[PDB]
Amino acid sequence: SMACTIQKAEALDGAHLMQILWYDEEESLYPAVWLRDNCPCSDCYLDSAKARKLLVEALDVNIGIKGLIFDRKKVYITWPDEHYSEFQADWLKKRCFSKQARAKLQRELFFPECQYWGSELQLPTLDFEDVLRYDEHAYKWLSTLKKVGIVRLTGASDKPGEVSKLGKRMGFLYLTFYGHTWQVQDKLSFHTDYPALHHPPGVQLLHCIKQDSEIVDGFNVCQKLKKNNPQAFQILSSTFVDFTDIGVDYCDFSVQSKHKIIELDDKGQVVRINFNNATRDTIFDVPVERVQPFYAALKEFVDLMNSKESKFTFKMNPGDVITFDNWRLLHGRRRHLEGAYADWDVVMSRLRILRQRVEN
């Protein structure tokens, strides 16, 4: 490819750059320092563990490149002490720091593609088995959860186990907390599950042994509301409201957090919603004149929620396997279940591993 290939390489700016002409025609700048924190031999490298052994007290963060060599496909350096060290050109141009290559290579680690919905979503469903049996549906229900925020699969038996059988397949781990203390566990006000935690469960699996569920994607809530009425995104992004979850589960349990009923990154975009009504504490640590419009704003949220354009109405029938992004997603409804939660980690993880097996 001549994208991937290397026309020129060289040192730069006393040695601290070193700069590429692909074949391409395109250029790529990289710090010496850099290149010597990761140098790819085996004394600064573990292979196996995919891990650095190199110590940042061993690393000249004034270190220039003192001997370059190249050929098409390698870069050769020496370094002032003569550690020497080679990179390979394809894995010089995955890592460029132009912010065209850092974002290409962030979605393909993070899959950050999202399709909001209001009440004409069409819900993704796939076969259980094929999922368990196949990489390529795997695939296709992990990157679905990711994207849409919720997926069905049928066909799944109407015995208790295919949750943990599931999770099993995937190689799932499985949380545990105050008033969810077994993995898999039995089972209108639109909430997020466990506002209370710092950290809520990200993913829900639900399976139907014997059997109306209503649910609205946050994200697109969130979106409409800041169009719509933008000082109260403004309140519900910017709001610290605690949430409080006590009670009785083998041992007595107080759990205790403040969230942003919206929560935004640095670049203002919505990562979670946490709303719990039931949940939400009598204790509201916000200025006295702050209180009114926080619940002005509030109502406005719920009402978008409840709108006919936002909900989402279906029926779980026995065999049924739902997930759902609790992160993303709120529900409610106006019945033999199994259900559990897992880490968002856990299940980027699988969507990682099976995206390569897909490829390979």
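Only the largest set of C-alpha atoms that superpose within 1.5 Å between the two forms is called the rigid core. Positions refer to the first chain, counted from 1. Compared with the form deposited in another entry:
- The one residue among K146, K93, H180, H259 whose Cα position changes by 2 Å or more between the two forms, with the core held fixed by superposition, is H180.
- When two forms of a protein are overlaid on their rigid core, residues whose CA moves 2 Å or more are considered shifted, and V248 is one of them between the two forms.
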Second form
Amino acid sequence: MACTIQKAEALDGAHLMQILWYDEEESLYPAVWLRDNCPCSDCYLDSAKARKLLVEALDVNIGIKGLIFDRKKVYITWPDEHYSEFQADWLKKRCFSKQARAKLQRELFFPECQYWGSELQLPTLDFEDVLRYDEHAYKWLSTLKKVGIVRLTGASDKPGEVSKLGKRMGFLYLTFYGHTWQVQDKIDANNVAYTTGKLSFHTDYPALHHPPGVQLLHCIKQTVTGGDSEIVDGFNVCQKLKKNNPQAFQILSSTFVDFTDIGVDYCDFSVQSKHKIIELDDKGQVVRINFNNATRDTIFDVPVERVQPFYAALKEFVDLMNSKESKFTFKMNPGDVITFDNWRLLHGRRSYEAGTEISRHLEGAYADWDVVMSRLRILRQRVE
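Having seen the form deposited in one PDB entry, the form deposited in another entry:
What comes next is one chain alone, with no partners or other molecules.
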């Protein structure tokens, strides 16, 4: 009833098509949009699922010259004698009503978000199951998107496990630190992460204008002397900050902070960026946190009078993150892999003791959210 055509007609000087569906709901489709989206072989390359029609070929003042229909299709003639057919189900999906557009956006981008604090139950799946079964890999990426973190247990205690997960997703995101990288204490460390020091809450790689969307960390070796993990839900924290200190939120969401990374690893590098620590979309919603206190530059590109208020705001944000109601602490064992949203979560590590042998070794990698989302879309289709 809902996707069967009861009537189709051209309206508004023939600039709109109206469909009355068999449930009595109506949908409206601008003529210019219909013409732009003609699925014929002249206009559309089926092997690519892509538009061949050029903007230059589109008459933006076009109207429908003739229309007939049956229950499942509309058949249109255009003023220049071009001819198009549209399927009812295809039309129904693309209905310009707010409800229809919103449903479809939800299907494309999986916006469902579950905020959490210290009560978090760490979502956990088996490593080999995720590699082997689409049902398990689907639960993995869907939960990663919704909650922001999934622990995978039962991987080996040798290098190469993150690279498997990389292939399962698609491919990993190369940076100056390598295709994958080893978190261990290193002589002449090129990064604070490669020491035994504490890492306070941070996101990885704000020195890039497009920080890694997803991070993977695999525990090869763990130390008993410290090195526990800590995470916080940055979107939850930002919401709390906006309520408790709107001025602190305003400053952190509007001030461009410079980040820097200079050194040598996979290649020699001298990297500089600017980010707002709390990054909002055009509707004021938080979409990314960009903050690593190690790589925040000494250079600070703001008028003098804005400096101390910035630091006061940063301090409030960091104190919120550290609150016992916000943070979740846990410890990785060998064979554990954590995979998390590096745009939303902030993560940290407790200091541990240095010594002559390597007491602690994680292998890590990054993936682009678009690569992850692509796999998520494909997995959903295969599982449903």
